[PDB]
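Taking the form deposited in one PDB entry, here's one chain by itself in structure tokens.
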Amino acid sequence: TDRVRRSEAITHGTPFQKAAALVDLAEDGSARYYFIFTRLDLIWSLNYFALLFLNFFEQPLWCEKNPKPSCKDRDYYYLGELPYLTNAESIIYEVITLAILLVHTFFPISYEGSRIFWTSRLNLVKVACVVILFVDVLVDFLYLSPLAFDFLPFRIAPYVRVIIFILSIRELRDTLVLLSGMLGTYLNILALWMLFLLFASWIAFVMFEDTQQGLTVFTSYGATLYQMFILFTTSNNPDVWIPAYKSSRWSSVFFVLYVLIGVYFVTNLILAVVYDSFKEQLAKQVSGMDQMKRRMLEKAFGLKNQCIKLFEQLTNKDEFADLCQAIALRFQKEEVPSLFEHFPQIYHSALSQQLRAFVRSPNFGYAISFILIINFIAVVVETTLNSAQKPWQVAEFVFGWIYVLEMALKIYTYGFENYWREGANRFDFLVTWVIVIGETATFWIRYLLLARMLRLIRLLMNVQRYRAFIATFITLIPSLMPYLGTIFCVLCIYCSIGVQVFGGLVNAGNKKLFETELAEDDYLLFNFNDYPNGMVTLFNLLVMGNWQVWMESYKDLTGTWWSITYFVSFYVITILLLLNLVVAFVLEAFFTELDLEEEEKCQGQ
């Protein structure tokens, strides 16, 4: 009842209650209308997701330019398995999600007020984008009628959807303010990297000029620079320099020195610079949150007798902020009473506490781990077979009951809340329900095998040593999520670009295609013909095993070197700036875990 108590105290409470609520929620990290707005936050979140995802199901723009065969022949164009919305459906969902977007974007006026609403850059830009969207939707609708428009060259909506998405989920916007902080420092190292590629490709071009390497690979400075760029990635190693090696073994000493420097001395320098600027910008950013927290505590101060009255509320200016911080850092948050303490003879009679202490014992935990080991053995046995298996449906129900009981005993020992407040106990909760639902619905086969597999993670989580690594992993995941989301938004952009520029080129009637490395390596389903296909392709480009295959093949399908700029800038932005950020984040998380246990050790000693 924390949120309800806070909002009630803020909107109706006496000033000491308002101050207590403000300080409590600052420690936890027109008020009425702000609450009314926030009560729809799930609607906003889901609508913005829908808004994005509806990008996946729209028909790709080249299918409307009357191809033969038509896009009903998905085998000819190597197309995905997702449906394409009809005109009707498109119109429907466009209208619905634009209407809810218009509701959300203007609803803050109820507490911000017009002068602030128009004074504020974020609202001004969101209104700009939703107008852009509405314009484009209108235009699209009009294009229903041939009177309005003959033809559309380009669709802006796919972009604006993405933009809108990024502006809606604040943590993505703050990640982009961090990234646009470090970007200017990243451009200097990217310039020194390009100066390195230039000079190394010029040495290679002079050195091999008349050789078979020059005659068949390094045929010009441009092609040398291209090849050396690829070799920076290591992706064309050794293939690129086989002609060299053939003519003289000594050539290897050049290719080895180039690879060693590029990979070891330079790529790690790019990581070091990204790591440094990330850490600086992160420290810069958190200071803003700390300052806003102080401003909120100063508001609570404004809104010895007063100290006694506030401590009385707590039972439920610089000195004030210092006291609030001291109590926040010293004290755990207050206990919440369970729904069962109201039954005096039931909840409180000594048998209850005896069973609680028993289930709270460590030897109970050992026994539970042994029972789950026995279940793991049982499933590893059962998967030797697939009617003799039928009793293992009873074994299924048996372990189902076992986990139902263990979940019940956990909620009995700690209420609903202090059971669940550990993320592992949340995983327990989820897998218990899903497997109970599956087993009772059976009373998929393979999917129940998979789920019972998935439940085995418990034995990993239990390992005391590994549990440090796992705690790193666990805090990492939701901390990583806004960076992978930014990556994904980038992929979305790139995908859109790709389908507009390259969509339709990979098809079974194309005589050039069967000369390309996509046809030769059988990558033909990794194409930009629709939004799914592209997305997957982009993942291959991201992990970057065989990446140059696509760059090459689309060079050859489009007939212009300019096409390369796509793949190059993709590489630059994704591989260098963002994945090194991911690296740095993982590193910092790990070391933070070690600093945490080091602090615990120091304070204990």
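Think of the rigid core as the biggest set of C-alphas that the two forms share within 1.5 Å after superposition. Numbering follows the first chain given and starts at 1. First, how it differs from the form deposited in another entry.
Annotation: the position in 488, 366, 111, 514 displaced by at least 2 Å at CA between these two forms, with the core superposed, corresponds to 366. Shown in the overlay between these two forms, fitted on the rigid core, is a CA shift at residue 418 of 2 Å or greater. The Cα shift for residue 465 between these two forms, taken after rigid core superposition, is 2 angstroms or larger. A displacement of less than 2 angstroms separates the C-alpha positions of residue 257 between these two forms, with the rigid core held in common.
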Given for the second form:
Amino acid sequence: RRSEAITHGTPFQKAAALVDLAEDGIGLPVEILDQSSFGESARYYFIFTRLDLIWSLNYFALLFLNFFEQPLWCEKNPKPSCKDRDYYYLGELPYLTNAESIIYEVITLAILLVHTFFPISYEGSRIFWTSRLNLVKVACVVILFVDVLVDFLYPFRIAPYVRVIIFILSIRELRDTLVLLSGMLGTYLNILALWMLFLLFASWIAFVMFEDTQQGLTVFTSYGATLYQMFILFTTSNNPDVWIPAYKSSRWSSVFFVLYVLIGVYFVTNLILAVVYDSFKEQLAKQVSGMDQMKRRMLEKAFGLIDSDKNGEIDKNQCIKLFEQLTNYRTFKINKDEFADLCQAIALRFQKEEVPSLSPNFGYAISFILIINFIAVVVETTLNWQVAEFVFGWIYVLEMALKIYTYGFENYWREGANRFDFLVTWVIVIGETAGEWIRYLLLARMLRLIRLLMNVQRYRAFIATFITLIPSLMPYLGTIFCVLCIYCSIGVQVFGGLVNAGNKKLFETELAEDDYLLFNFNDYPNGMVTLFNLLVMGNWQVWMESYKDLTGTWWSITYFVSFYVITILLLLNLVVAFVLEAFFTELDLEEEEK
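Mind sharing the form deposited in another entry? What's above is the form deposited in one PDB entry.
Below: the lone chain, stripped of partners and molecules.
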């Protein structure tokens, strides 16, 4: 997909390059694809996209700035100060001073303004100002500009939310995931209405059944208390503890809670999963269709470049000339559809990527060396030798240099395996800063051995699906990560500074009894790890009840309830659906192979 060919080529070379771009799945913007003589501006798109590493690093730096900012509750002069990290159970990360914050923010905002406005070089100005995405992005950058200025001039701060929104808007797969999710919301709110109806009715039966009992006097003291406890019991996280008083009062009480948990878990939760799975499949099919439409648009523009006369047909001589300008670098009458089909048949079967400009047993040799390295490592840990780990590190950098010599980097880097092996080998060699942690990097290379279980048919599908999932779950896990970043910023804004060694109420909260005091919202990394504990649903109601006690209001539970409803019942059920569909796709592939 040579930028040279799209820019300068003879039209048959532009057509071959558009064909290759399309089948590689990396299309040009339609604003370029449609502008007739698009080569005059595609030059700018290519130079723009060559810098993608710099832009991505800017957006990751902008997102990570949230982890190093001082909590706003520390600014309003606590006694003692947040220098007494032990008093506030704070983390280890540094908090930026004002000078460092200004420098960081100025640099990242400058690169963000450059990235956001450079598209005006190839999208026409009238197209730029009419893209919805550009207008939202410009709104975000102007909010960050205001928030930078409003303290460079020296209730809450808006910046940390806008940084996450900009991050979402900057990665195509996150935008796609949020578009997908927006189609699922409507159907999800219906089953949520039925789930609420289930909780409300079950909690009313429970309440009136236990009204004068010890369960009533000690647990189900009111309808709202019953509904709260029954909601937590839907998660099973309080399972026996909540109804022990009934079981002490009558062993027959267990029948109610058995029925309730059996129906709630094995029927309602699984049906919520099934609804999320149906909706996911429908929206993914809509996405795939849209990408196939874009692919056709590109192939049709290539046909419009070979057609120099607008008669909507191509002849033998134009066809063979295109066939040479295709087969020489990238791999009778015809029409638009015949051309698109005939082209896609090459990708279907004949297509192999050619090597860009500038032995089988070797894999077995390195497999032997790395398995010897693994046995040497284990016999070292059991103490049954730095020269071995050194010679292995040397052999791994030799393998990397040999590959990049014999294949060339633009070929080498294409493989998902070796592009990892390269990074970890580089980290290994740059770790020679003159610690034992290089043991774990060496085993991070050793994990490549697991691919050999794909040679064993009883393991081939499982391992192959796992390898496929490692990259392909990244948009979904990244969306969950962005939801956590937003919930973290909210939590630190509303709960920061309540968990402190002088609080006195704290030492009654259950957070103290379970020794969870480091899992607090006083700090951004603290909040992130706490939100991971909540996402795991393990002992999760401890935090909810403790912060209810520390804030003194029931409204605090809205945070934890909404977090549960968004993350568990939706996004993780999405991850389940995605993994199941991936496995079944791998089986359908092998059923075509076998």
